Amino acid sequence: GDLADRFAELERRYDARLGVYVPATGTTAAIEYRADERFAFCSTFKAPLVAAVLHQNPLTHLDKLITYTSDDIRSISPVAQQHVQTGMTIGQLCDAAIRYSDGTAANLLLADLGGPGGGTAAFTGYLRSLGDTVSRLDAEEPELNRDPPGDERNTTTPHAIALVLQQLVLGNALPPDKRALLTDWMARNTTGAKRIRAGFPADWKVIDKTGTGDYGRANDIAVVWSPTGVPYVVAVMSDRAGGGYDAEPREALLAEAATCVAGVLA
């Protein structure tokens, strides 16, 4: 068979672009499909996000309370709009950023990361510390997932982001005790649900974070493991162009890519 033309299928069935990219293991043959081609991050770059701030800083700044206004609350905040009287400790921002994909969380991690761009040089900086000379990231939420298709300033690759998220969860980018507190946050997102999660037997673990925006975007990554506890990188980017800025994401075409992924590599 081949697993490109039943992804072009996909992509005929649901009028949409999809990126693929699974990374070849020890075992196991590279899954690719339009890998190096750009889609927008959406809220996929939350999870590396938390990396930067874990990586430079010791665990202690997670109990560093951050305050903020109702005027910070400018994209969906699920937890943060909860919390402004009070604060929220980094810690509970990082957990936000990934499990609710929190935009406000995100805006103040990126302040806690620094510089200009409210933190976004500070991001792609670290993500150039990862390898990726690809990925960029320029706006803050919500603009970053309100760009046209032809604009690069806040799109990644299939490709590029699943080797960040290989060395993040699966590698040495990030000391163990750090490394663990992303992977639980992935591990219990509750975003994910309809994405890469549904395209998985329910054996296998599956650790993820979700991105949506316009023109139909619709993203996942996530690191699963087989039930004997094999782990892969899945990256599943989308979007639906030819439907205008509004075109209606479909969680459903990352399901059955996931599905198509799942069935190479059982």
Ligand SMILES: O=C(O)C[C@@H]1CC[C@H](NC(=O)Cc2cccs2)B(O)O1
Contents of the next structure:
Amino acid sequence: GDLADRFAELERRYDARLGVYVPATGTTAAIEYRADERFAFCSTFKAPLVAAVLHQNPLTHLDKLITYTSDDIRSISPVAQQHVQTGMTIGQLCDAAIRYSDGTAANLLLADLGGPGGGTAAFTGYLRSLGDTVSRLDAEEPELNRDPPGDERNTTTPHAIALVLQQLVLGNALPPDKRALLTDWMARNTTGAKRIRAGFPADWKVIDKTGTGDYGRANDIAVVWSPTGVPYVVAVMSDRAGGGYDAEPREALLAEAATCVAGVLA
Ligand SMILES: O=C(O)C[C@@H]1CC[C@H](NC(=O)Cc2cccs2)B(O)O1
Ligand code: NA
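Next up, the form deposited with the ligand bound, please; the one we just looked at was the form solved without the ligand.
First the chain shown before, then all remaining chains and molecules of the complex.
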């Protein structure tokens, strides 16, 4: 259709590979572009990671204090690295993992799921439990960013991650109370002003989880509400693998992709 051609023009203009998935609703068709193609998760996994922790524990667990050392700061950790002396509660870790993409928080929450591979296996299994047979997490931060194009490790697809997020925020994967916490953390995200948010009019609400990696990898997964309160899930994934491991990620690609989506859903 014409929208596919426009996504293709966007890819050509940015010298990038773009993936888009907006699940169909009772009133709207799905928007799909390279939606069954694999893209690195990057920091986007930190949102479903928080859902896994929520899922597996009573809410009182959020008050559990976790201590760690400066040697645990092995990845970009804007919150955790300033709380080595105090520790952080599981809830604070969930907050940081989503709103600041905190990698140490992510690793600690992975550990909290238990089992081999520092909780990476358990994370993947959580996604399996939501019907996702595609996504896989194989390493902790930062080593999960190291995989070259073509390697299936630490990848998802726009389709798979969109349907995960759909079930988590809009569906019944979580009880409404836990769902509200996940939603609130994504709502107050600090990292996403220049991506999906930048492509929707100000009277639309946007909650989201960003990620950035090597090979120009830039993702955003969002739930948006129209001015009338109609929700949609918008997953946008990109890389610029053609330019090499140090290709510049382009936030503006995601904003423009989201603009194209907002045009269809207005
Ligand atoms: O939310 C965002 O968009 C940024 C977030 C930062 C932590 C994670 N990145 C890393 O830890 C290393 C990186 C490689 C290339 C860039 S940062 B994550 O994937 O992305
Ligand atoms: Na500190």
